[PDB]
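Read the single chain below, which is given as structure tokens and is the form solved without the partner chain.
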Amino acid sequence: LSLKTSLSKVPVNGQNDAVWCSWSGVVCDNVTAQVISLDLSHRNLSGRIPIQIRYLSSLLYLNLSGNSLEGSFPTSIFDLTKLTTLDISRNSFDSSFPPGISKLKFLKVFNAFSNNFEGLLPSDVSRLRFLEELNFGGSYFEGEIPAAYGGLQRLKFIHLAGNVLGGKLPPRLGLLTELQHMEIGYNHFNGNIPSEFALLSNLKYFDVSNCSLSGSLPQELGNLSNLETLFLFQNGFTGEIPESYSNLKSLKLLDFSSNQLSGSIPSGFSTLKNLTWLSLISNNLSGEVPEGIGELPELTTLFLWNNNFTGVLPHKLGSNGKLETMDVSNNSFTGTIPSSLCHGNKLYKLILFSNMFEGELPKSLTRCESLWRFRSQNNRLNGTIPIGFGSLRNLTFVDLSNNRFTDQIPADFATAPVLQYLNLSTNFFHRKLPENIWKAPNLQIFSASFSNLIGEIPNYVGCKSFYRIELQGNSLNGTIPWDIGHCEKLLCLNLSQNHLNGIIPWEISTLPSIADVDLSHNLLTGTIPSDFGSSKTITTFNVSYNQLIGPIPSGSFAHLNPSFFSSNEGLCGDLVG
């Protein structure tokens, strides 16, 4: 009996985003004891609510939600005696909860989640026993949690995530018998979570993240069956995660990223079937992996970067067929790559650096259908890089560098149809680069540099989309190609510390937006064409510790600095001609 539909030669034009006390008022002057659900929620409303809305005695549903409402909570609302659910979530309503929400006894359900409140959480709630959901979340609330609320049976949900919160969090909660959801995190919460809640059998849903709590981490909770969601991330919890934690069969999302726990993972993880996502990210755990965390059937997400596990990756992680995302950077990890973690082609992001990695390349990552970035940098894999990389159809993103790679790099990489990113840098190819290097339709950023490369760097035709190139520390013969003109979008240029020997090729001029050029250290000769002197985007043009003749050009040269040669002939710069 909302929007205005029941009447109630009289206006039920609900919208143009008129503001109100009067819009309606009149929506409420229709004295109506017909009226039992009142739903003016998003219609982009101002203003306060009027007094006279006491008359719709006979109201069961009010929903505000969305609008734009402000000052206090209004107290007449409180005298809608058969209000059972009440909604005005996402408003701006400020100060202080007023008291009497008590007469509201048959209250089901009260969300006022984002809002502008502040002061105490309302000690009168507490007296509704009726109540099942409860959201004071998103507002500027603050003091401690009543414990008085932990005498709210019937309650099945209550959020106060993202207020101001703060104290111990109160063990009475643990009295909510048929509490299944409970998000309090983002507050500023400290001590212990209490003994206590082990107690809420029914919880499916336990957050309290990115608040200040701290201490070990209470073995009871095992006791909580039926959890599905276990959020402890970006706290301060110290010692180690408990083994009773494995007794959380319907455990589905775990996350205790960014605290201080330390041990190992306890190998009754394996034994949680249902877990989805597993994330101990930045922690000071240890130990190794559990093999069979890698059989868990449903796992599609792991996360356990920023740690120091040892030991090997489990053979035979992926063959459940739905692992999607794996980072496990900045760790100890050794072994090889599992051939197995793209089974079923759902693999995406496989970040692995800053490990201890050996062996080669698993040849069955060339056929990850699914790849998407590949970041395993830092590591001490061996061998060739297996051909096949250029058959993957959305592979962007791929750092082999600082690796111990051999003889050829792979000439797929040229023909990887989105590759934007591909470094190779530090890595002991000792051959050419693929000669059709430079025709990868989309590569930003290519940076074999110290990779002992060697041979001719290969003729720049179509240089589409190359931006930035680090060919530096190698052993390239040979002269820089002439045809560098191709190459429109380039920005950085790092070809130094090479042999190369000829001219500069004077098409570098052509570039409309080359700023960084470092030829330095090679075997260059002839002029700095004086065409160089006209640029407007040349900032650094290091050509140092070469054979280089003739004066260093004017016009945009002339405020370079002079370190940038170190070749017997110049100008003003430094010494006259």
Second form
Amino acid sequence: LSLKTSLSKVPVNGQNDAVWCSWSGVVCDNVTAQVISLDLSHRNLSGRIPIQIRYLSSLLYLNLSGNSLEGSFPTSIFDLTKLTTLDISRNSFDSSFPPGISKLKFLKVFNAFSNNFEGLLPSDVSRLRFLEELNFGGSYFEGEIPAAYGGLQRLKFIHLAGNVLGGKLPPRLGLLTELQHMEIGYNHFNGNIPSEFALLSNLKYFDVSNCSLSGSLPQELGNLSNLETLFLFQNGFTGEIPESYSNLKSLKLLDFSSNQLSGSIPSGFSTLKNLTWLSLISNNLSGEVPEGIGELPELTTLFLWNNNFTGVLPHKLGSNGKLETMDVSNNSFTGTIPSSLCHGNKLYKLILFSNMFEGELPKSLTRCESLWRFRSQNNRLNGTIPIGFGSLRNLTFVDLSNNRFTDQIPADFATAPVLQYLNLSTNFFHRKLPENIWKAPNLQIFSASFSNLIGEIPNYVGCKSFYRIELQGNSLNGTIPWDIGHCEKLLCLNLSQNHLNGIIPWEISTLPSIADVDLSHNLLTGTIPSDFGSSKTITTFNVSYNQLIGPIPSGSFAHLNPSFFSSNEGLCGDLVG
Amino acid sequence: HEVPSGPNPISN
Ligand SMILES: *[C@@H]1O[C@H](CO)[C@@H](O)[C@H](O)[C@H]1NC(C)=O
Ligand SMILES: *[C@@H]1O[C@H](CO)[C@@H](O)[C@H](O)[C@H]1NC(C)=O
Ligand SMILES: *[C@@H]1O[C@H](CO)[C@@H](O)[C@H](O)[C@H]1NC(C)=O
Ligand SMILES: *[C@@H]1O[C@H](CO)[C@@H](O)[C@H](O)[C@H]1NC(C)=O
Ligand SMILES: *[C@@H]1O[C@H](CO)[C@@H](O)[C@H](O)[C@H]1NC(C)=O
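Coords for the form deposited with the partner chain bound, given the form solved without the partner chain:
Let's see the whole complex now, leading with the same chain.
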């Protein structure tokens, strides 16, 4: 009976980003005991509720959410004694919440999420004995949680996240016999989680994260079966994870990231066969990862980074055919990389950097069809980077730097279809760059520096998307290829600390955007082509420790660092000609 | 005002 359904001649036009009361208020003076539902949601309306709404005495449903209503809460609505659900969320109501919701004795749903309320949560609501959902999140509520909200038997959903509440969590809330969902994080609560919460036997969803909580995690919450979602990240919990938590047989998502937890992942975690998401980022955890975590039938997300785990990664990880992202960077893992990680071709993000992994990159990883981001630098991986990565259709970011890769560089990298970043620096190759490395379609950043490269630099054929090229600190001999003006997107080039002879490629001056150039510590000879002084874009041109001769250019070279030279003579701006 | 929900979005 909303949007002027029954007239209850007169208006049917409830639209037009106009304001209520007076566009409204006629709706009410159609006095009528015929109106049981009124839905004024998402009409772009702005203001106050008129006193006269008290005359819609038969209302059961009232939803005014998603407008711009303002002012303090209108206590006239408390005269709608038959109201059963009231949705006020996503408005601009402010001030302390006024008393009197008690008279809505049959109220079953109250949603006020996202408002401007301040002051204390209304202790008055503890008297709505039929209520089932309460949502006061998203405002500026202050103070403690009223311990009397624990008398809200019948209540199954409570949301108070995103205010500025604090104090200790009221132990009495643990008597909400029928509570299925509790979301109360993003506040300033202190102290620990009351162990009485272990009586919320129906609880499926438990947040309270990004608060100020502390203590050991209460062992008693192993009692919460039925629970599927447990978020307690961004707090101050210390101590170890209770081994009692292996009894949360329904748990699908676990997130303890950003606390101070110590000790090991409890090996009972290997029994949580419904786990989808295991996240323990940024803690003080240690020891080994229980092998059975590699056997979890539904695990999709495995975040263990920024701890100090020892030992090997579980051999069978990925064999469930479901892994999507794994990140264990910044630990002390050892051993080889399991072959099964991408079984199922669902793995798209594989992050392993800053460990001590050993052995050859498993060749199964070259047939991981879904792989997209691969970061494995700062390890001890040896052998030949296998061939096959350039045949993955979505691999765009690869970092294998600071490892121990030897022999050659896979030639299929140059034919990877969407690869955008490839590093490979620091590695001990002792062979040439792949002949068609510059061919590559998309590839903006390539950085094989200090990787014991040898031989000449291939001709810059194509060079479509490169904007940063790092090859410094190898033994590249020969001449810098003279067709470098094909690299029209180039911004930074470093070929310093090599064995390059010959002249500076004048085609460097076909420079739409070149900014940083470092050719120092080589054996170059010849002038700096005076045309370089016309570049309105070069800010660094380090060419020191070479065998160059002649004047330095002027123009946009006249205000460069003299240190950038150390060879012989140069335009008045140093040692006159 | 809006309030974040879900797991921790932090990533590498
Ligand atoms: C209020 O309206 C929105 C859509 O405009 C709807 O999603 C929401 O569930 C409504 N509230 C209630 C309590 O039904
Ligand atoms: C992880 O590395 C960061 C720097 O990347 C460091 O601040 C932190 O202490 C490290 N933590 C562990 C547990 O490895
Ligand atoms: C991590 O544990 C081992 C010692 O067993 C070692 O790699 C290192 O000393 C530890 N790191 C830190 C930051 O305590
Ligand atoms: C490539 O890797 C090296 C060492 O691993 C690192 O220091 C460098 O900054 C990286 N280069 C780019 C362009 O990211
Ligand atoms: C340097 O280049 C020349 C080109 O003829 C090659 O013969 C020589 O072996 C190169 N130096 C190496 C590969 O160490």
